[PDB]
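Asks: Here is how the chains run, residue by residue.
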Amino acid sequence: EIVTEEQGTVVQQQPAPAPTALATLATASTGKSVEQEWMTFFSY
Amino acid sequence: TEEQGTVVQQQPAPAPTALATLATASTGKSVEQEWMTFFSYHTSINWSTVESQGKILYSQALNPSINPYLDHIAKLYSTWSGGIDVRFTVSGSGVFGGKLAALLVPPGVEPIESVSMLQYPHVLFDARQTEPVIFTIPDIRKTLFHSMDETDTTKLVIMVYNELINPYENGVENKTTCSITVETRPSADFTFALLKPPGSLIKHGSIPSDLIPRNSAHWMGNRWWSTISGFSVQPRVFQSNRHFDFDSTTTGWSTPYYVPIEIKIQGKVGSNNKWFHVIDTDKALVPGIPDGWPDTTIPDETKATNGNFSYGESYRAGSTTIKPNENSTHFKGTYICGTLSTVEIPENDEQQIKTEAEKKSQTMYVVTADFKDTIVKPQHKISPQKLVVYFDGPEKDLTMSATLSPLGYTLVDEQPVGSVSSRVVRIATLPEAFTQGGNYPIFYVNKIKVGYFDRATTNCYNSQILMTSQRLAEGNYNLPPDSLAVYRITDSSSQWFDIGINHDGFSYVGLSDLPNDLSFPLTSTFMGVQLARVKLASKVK
Amino acid sequence: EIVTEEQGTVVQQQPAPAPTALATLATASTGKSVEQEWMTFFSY
Amino acid sequence: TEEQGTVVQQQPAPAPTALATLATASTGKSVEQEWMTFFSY
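Residue numbers (the numbering used here), protein chains in the order written: chain A, 1 to 44; chain B, 1001 to 1541; chain C, 2001 to 2044; chain D, 3001 to 3041.
Be aware that a few hints might be false.
[Unchecked claim] Derived DSS-like pairs (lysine-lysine); straight-line CA-CA distance at most 27 angstroms:
{"id": "1", "chain 1": "B", "residue 1": "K1283", "chain 2": "B", "residue 2": "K1359"}
{"id": "2", "chain 1": "B", "residue 1": "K1449", "chain 2": "B", "residue 2": "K1360"}
{"id": "3", "chain 1": "B", "residue 1": "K1396", "chain 2": "A", "residue 2": "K32"}
{"id": "4", "chain 1": "A", "residue 1": "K32", "chain 2": "B", "residue 2": "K1360"}
{"id": "5", "chain 1": "B", "residue 1": "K1196", "chain 2": "A", "residue 2": "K32"}
{"id": "6", "chain 1": "D", "residue 1": "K3029", "chain 2": "B", "residue 2": "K1055"}
{"id": "7", "chain 1": "B", "residue 1": "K1377", "chain 2": "B", "residue 2": "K1323"}
{"id": "8", "chain 1": "A", "residue 1": "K32", "chain 2": "B", "residue 2": "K1323"}
{"id": "9", "chain 1": "B", "residue 1": "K1372", "chain 2": "B", "residue 2": "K1274"}
{"id": "10", "chain 1": "B", "residue 1": "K1539", "chain 2": "B", "residue 2": "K1055"}
{"id": "11", "chain 1": "B", "residue 1": "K1155", "chain 2": "B", "residue 2": "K1268"}
{"id": "12", "chain 1": "B", "residue 1": "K1075", "chain 2": "B", "residue 2": "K1175"}
{"id": "13", "chain 1": "A", "residue 1": "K32", "chain 2": "D", "residue 2": "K3029"}
{"id": "14", "chain 1": "B", "residue 1": "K1377", "chain 2": "B", "residue 2": "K1359"}
{"id": "15", "chain 1": "B", "residue 1": "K1029", "chain 2": "A", "residue 2": "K32"}
{"id": "16", "chain 1": "B", "residue 1": "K1142", "chain 2": "B", "residue 2": "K1264"}
{"id": "17", "chain 1": "B", "residue 1": "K1203", "chain 2": "A", "residue 2": "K32"}
These are calculated hints, taken from the structure and not from any lab test.
With the hints as extra help, turn the sequences into a complete structure.
Replies: Right, here's the structure in full:
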């Protein structure tokens, strides 16, 4: 059959934490807010 | 609180928002980071019915590099965190049989090609897959985030569970293959952190993912400029000149490039010989030694007598034997170098030299050794004093400057160039690499023009590919001294084998001997970093 | 299997915009109205 | 009333307060002058 761009069966595996919680700890330390930060400052 | 600078009002104003709308309507813009809405080619895997249980067909660690877009963007940042989905699309025949096991190896653990790895939680997909399998690699870490230099992350491994099998296949020694394409898509929780000041370095060091060119067509040697044509597995590899390590250090006297050798000779009255001394040189790395001065020396001792090429009939193409005694050539193990010489006519006193100055230029034969006016002794420890040139040089007190460019080599025997410690020139020490645990070191081979023979050529060893020497020289790379920068080489056939680069700069292979039948139009791809203690992978017949 | 004259599964492509938008832009600049325009005017 | 100097906006911002929280959670910070909560030789 036909397979699109994100198509595909996703399998789950034993060693596997909480993606979200980890993400938060990162942005917490990082300070991430906007995805394209180079749009918020002037570059030489 | 306050932004530096004052906003002024310009007349031509961007005021319209509709313009944007129009743009959007005709382009169909939705999301801002499109690479997150689709899988993109990463690598391909050819699963063969010869590859047995336990073999690893794929092993990558979570890193921006496993994705085209992710990677190109990472160059802008200094921090990343999050996982990435890896989608495998197996495409074989519905009549085949076989399973493939997937497993996630936590950070701090190096996987090995053993079924032991399966005494750990693992899922498996079959050879006759219908819909793609997506494995999402979690980002297990003990730090709020990752530093662009970090490599020790979760590793995805694909091992052969049950050997692929084809019924319709003949019983005769043959083999069928089942192709599998690997793509990636950054998971939702994936993100780049702080921007990195363009031009800045990575304190701990950039990952060595570009030390070997993608096409073997751009593989020049760090010893001879000719492009690589083969490899040679040796229980010990060594070299010093133009060989750089990950610290960017070099025990040599030349840069990672090939440039003309500006030299300065001096002749003296009454000299029945033709060997000369080098008194000075312009462009030079190590003070006194000319940048690019050949790395090989003469074989044995011999009287400094004028002579020409001369090889017995033991060198006539057709004889599988060569007696090194027939070779009467005195300037053996010498590097042929085209030249453009000039003479410094002394002040107005006696222009008896203006005669030797107007003479046409000769091609000098360079080498490195000790020069006792009567006999030339082979010296493998270079110094501004052991620089020796040989040709039809003037027999009158003089000072001549020349600019030469190595083009060939005075053949000595069947053995390849620089395949022996003793004949390898060095200054302080001589870098080396020995076989370590199933991983043998290699020499990159390329052809070099020879002596008086026809358009013939002999083999020349090289410790690094010119580029590795360049990158490693001008770059800020890094990797644990107990690891290897692994790359996978694929020939223009179904053959391939991994190459690991040592911190010292030498390359290894997981075989005790590489094939000859290698269809040379080659292609290399970075695999990642592995403990040296693990046997480099390969699939060769 | 028998395939008719218009038979076929339509698959949607990732990089594709909304037709209706561009569509009208055309109709608007072009003034398109009927189809066999030659039905609406006498020709020499 | 006025503080000498002008505050400008830098990009890498300290904005996160959670960082502090994490610090605090793993160190167990309570009081600011710890030497006041115990006798010392």
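Asks: Run every hint past the structure and note whether it holds.
Replies: Here's how the hints hold up against the structure:
Restraint check: the Cα-Cα separation between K1283 (chain B) and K1359 (chain B) comes to about 26 angstroms, which is no more than 27 angstroms; the hinted pair holds. Between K1449 (chain B) and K1360 (chain B) the alpha-carbon distance is near 24 angstroms, which keeps this suggested pair within the 27 angstroms criterion. For the hint pairing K1396 (chain B) with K32 (chain A), the CA-to-CA distance comes to about 77 angstroms; that exceeds 27 angstroms, so the pair is violated. The suggested pairing of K32 (chain A) with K1360 (chain B) is violated, with an alpha-carbon distance near 71 angstroms, which exceeds 27 angstroms.
For a cut-off of 27 angstroms, the pair hint linking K1196 (chain B) to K32 (chain A) stands: about 14 angstroms separates their Cα positions. With a C-alpha separation of about 52 angstroms, the suggested pairing of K3029 (chain D) with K1055 (chain B) is violated against the 27 angstroms cut-off. A threshold of 27 angstroms between alpha carbons decides the hint, and for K1377 (chain B) with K1323 (chain B) the separation of about 22 angstroms falls inside it, so the pair holds. The straight-line distance between the Cα atoms of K32 (chain A) and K1323 (chain B) is roughly 73 angstroms, outside the 27 angstroms bound, and the hint therefore fails.
Between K1372 (chain B) and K1274 (chain B), the direct Cα distance comes to roughly 13 angstroms. Compliance with the 27 angstroms bound is thereby established for this hinted pair. Restraint check for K1539 (chain B) and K1055 (chain B): satisfied, since their Cα atoms lie roughly 10 angstroms apart, inside the 27 angstroms limit. Annotation: proposed proximity of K1155 (chain B) to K1268 (chain B) is violated, straight-line Cα distance about 69 angstroms (limit 27 angstroms). Note on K1075 (chain B) and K1175 (chain B): the hinted pairing is violated, with a Cα-Cα distance of about 42 angstroms set against a maximum of 27 angstroms.
A hinted pair counts as satisfied when its Cα atoms are at most 27 angstroms apart, and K32 (chain A) with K3029 (chain D) qualifies at roughly 26 angstroms. Taking the CA atoms of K1377 (chain B) and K1359 (chain B), the gap is about 30 angstroms. The hint is violated against a cut of 27 angstroms. Note on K1029 (chain B) and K32 (chain A): the hinted pairing holds, with a Cα-Cα distance of about 23 angstroms set against a maximum of 27 angstroms. Taking the CA atoms of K1142 (chain B) and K1264 (chain B), the gap is about 61 angstroms. The hint is violated against a cut of 27 angstroms.
Taking the CA atoms of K1203 (chain B) and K32 (chain A), the gap is near 22 angstroms; set against the 27 angstroms cutoff, the hint holds.
Checked against the numbered hints above, the structure breaks hints 3, 4, 6, 8, 11, 12, 14, 16 and satisfies the rest.
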